[PDB]
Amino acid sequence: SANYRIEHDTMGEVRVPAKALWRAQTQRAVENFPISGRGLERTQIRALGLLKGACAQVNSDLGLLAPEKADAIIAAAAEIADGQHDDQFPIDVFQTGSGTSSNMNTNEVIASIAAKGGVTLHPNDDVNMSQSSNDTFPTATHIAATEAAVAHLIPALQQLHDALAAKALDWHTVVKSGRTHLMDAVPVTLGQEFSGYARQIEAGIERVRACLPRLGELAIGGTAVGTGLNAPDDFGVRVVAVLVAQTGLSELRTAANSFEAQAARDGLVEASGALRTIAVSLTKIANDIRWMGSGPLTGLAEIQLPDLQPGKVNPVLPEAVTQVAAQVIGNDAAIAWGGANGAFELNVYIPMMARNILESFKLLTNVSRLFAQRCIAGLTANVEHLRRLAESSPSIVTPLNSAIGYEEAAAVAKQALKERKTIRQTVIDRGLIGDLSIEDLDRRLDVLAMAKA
């Protein structure tokens, strides 16, 4: 069987692939949890890298760890954090609830990498010095989630907002009939509707920023149960300082309360709530847009979606956005479930929670840029059609009530539909105008003024 170096944990024998930098513990964990076949996300591996490096830096600063060992860890951690080893983390997402396995995985890989550079490290004694698994994995998760929100999800939303706001301006005077309960209503502009979508996204950004104060709080330094036992007293504070300086994420901070920070994962539940709300907003926007398109003769035909690769263009991007929204809502239900079921000094749903929140960040980041660039940007409005429908709608007969009778007017509406003409063109055909000048029919039937832009 293919190249399989042998290794000995006190328990016994074990065969790891030859190109593998992980070691026995990881290989066991691989045999123990063949459940989903999916391992850690890249963003998560990077965060473990950042964290291990910072810890070695601080351990060295406090003179607890020899500088040679520290430097080898730091350089190893840096490759991992730079995404050079995403293929060295084979452990299933569904593992020990504290994330111990993945933590040991990181330690083993760092020692293997340091060894190929002629330095010997003890996975636990050196790489895991001053740390518990119980404070390490949750800290990596909140680092990944915080980076995903600040460096990815927010800029992506900002780009979607800009693209919607641009349409709100270009279409400022594109008048159309409003719809409520799906029925004809008074006039709006396409530009007003898009400023509505634009605000929704802007509010999404505000709600993501509102959760950062708690999403960026870190458990590091709390160790086994939160008492910091066997860590130097200011380990957390120092580690976070190093992480902020290296990543530029001012949002990371030690936890207000070190017990709440390990016994619970409320910050992830809170952030998931914001992601879900954005999914709700996007569902609305994407649904309006595919309806506005929807195809040409038997639908609304208000706008034309660009083709993904340039006439009945399928609303492919709106289908992606709503599918993604559904996934975010599902993930969000799994996160709350795990959030609620901690016991005493440790919540043991972290690997499952991390997987769902990080996927939610990723999906929303990516579909938002796609939606902005390959759909919203290239939309075209059927200006004449929209305006002709607005000017032919019975909803706009009401000003006529001072100029003609309530029954005289309702008849205008009643024929305009029957004979299918504009209201103006109809008030001209029952002979009405004057005694109500033509010049003052135009005034009370000004659909753009009714939209009160």
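Numbering follows the first chain given and starts at 1. Take the two forms, superpose them, and find the largest set of C-alpha atoms that agree within 1.5 Å; that set is the rigid core. What changes on going to the form deposited in another entry:
The residue that stands out in 29, 416, 50, 65 is 416, the single one whose Cα moves by 2 angstroms or more between the two forms on a rigid core fit. Residue displacement note: residue 386 has its CA displaced by under 2 Å between the two forms (rigid core superposed).
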Contents of the next structure:
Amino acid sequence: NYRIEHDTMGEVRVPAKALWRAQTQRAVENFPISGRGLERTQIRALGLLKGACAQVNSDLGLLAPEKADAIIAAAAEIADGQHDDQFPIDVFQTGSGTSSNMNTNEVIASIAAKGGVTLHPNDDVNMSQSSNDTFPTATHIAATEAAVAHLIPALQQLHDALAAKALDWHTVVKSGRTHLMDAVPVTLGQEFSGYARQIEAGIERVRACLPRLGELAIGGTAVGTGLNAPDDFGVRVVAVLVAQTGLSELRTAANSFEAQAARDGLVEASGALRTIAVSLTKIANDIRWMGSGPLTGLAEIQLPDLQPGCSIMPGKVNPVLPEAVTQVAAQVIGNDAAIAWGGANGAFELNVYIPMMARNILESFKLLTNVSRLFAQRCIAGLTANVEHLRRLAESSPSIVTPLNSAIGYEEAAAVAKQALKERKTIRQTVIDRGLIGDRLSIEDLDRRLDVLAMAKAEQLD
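Show the form deposited in another entry, please, because up to now only the form deposited in one PDB entry has appeared in this conversation.
A single chain, with no partners or molecules, comes next.
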């Protein structure tokens, strides 16, 4: 069963029970590309914004209070998620998001009609607005909320898990590795202090993008001039959004033309997510290499077992959380390339890559948030160190000859490391055998300099 709806292009047959109308139905037929529509977070931001716009139009005496109350009530239902099934339009729609904007207007008009209030989707629900300021506004609201309320707390949780290991393993000595080769001693805690700093720097990177990510185009309307909107429409709508979201990062854009002709704030934010993906790849790769083997690998640490590793090789348990992290990082890198591509190709008064840029940035925020919490809770928290094996590794490195450089010189330390590795003998034995004990180096000096934990120079903790 179908019903007739109309727009300025003509009559359109719409499924009888759908709350959307003519323009949403045309967009359903024009863009069957990915088979996926807007996400819960996107629909929420659109509903929140539509309600705020109706409230301001009402306050300024431009829209009758009964009509504004119907929009506010319908928009609140949309924001809470009661009508996500009424947003069937593909992500790969017209680049301004006109179709999803009209989707919100039409669904509100249908909800209001069930309450006995007649609203025109353009004249009433879209009063003082354009898709060109509302769709990037709803995108930037969703991106700002994803950064502040979800990603930053998830990264803080991962940072705290890494920092707790850095403290726990502060004096657990092991051999450092540079170029994958035997280096001088480090502690496991020192390496984890490095990982924790990468995540802390990741939080700093997200926070540094917020002054421009939180800029909203609302009030600029069609081309940024604010035509058909009151001069204070933008600041009044943002006032409501800040009060209702608690997001102090939300503000009217510094320049109304830049805020619509470009989506540079999304490209900037993706760069921060991409740097986090780069940091997470290093952390996850080191952790699975430390857990490698056990018998054929490094066997430095034990990762918590999360599931049987293999359908054919029995007993084997795999580093599945570092694998999910490195695959998420690859996705964030890909999404980042798509966002920049869209960002660069605006023309004149409008960048028409917004639905695609919105899909990718919001997905990158989601993946990084979810995988960071799982990595912290299901992997980092439960790691255990193989203390004895790590100590043996530290002591086996021929590079432990290095602190003798000031006493015997680099060339003689290299002759010591050579005469030892070839004869499968210790650095200590070789130093004595080459008659190096004397004025330049006593026996007490040698054993003090060769102590692997002292060689790691771990900071003294109170």
